[PDB]
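Below sits a lone chain in structure tokens, taken as the form deposited without 2'-deoxycoformycin (DCF).
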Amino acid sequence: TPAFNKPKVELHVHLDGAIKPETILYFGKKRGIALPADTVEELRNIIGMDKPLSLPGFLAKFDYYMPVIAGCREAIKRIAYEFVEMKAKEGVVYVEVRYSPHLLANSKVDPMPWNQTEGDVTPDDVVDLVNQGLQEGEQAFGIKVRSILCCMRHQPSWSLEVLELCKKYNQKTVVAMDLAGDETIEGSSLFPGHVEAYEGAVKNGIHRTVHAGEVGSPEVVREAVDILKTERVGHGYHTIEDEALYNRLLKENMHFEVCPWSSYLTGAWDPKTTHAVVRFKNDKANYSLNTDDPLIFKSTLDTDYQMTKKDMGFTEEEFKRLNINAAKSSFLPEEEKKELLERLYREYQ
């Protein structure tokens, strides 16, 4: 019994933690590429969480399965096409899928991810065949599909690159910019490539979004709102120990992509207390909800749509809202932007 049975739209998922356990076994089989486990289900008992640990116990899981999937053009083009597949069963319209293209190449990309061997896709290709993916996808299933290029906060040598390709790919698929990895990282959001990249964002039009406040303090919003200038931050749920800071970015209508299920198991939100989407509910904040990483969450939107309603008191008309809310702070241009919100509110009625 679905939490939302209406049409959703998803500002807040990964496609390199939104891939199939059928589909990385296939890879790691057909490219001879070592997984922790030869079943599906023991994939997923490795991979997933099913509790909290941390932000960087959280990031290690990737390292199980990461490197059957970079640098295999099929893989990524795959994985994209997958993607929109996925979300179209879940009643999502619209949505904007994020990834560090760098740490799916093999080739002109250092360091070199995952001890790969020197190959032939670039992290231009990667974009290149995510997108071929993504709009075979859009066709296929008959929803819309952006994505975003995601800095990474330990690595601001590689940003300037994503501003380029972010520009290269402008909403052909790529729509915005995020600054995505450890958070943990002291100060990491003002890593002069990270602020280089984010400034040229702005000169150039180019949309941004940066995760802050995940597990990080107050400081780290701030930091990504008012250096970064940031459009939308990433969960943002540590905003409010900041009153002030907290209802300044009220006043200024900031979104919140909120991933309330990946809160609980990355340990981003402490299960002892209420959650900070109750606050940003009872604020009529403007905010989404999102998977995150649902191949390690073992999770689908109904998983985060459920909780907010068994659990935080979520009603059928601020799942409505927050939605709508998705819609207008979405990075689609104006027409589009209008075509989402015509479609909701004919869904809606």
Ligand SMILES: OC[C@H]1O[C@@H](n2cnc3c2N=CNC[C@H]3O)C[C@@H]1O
Second form
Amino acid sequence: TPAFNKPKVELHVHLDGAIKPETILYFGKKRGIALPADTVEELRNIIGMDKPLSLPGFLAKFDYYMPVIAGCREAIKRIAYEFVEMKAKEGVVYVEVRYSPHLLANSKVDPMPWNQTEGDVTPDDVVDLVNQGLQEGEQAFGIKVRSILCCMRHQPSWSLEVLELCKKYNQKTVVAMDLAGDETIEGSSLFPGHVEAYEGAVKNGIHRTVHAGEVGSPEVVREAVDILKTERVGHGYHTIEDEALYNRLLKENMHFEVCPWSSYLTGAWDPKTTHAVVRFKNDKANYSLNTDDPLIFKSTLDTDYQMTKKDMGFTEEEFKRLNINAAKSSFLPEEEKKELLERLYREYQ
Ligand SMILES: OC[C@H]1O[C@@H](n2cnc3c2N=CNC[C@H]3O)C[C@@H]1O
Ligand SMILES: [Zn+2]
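Having seen the form deposited without 2'-deoxycoformycin (DCF), the form deposited with 2'-deoxycoformycin (DCF) bound:
Every component of the complex follows; first up is the chain already shown.
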């Protein structure tokens, strides 16, 4: 019995972090590229985490399988189509999937990812492949699916290029720009390449979202807010350590993309302490419950909801409110956003 068997909205989930173990296996075999395990079950266990690690610790999991997906046109599109299917089955009526286009490419990328051998798959090409898959997934399963292109904290040179992709494919799936990666890199939020990209997004009406306060101090959330101009904040658990910033963001209707299970596994959340989302709930903050990387976390959307239900005390009421809030704070145009709110309100009666 799921915790909330009613329509949901997810804004914070990773394409490259939500691939099926079966599909990873398929391509490892088909391409003759190696994997840390030979069966889907053994692969699940080695790519997945059972206990809290660290942000850098969690990031090492992509090395296991990315090499097998990156560079193959049929793989990139396939995981996009299968993603939608996975969400539809979760009750998700609207989702925004994030991914770094450069990390799946094998041509026109200076630091060649995963030691790939030169190919013809351009970062731009991966954006077009993902669009097709998500769009076929929408038609095929009946849920609205949009994408978000991720700037990598350790590679600011890719940033202005991400900005262009968001411009080029504006609303043709791409709805916003993100900043993901290793938040422990002191001052990465402020690298000129990242800064320039967000400043440009503001001048061009491209929506912005930034990971901050996941593992970093509230000072990083302030960089995201003041310099980067985020509309939303990925994670943001640490914002509450700076009361003034918290209540300021609270009073500004800042949307927090919360991922309960994720925060536990990465170490972002000290389990010995009451989760930030409980304060968020009690303060009637504008937030959402997201999965982040179901693959690496061995989870589904019901994992976060149950967690917040059994522990933390979330009610059906708070789930509806929380989802309506995600709908309002989505990066969709007004017309489409209304359509969404109609769906939720219709199916919430
Ligand atoms: O999708 C682009 C990149 O983002 C990383 N990424 C995936 N999940 C997370 C990441 N980034 C930072 N914080 C924790 C968690 O939300 C890996 C991936 O290659
Ligand atoms: Zn994330």
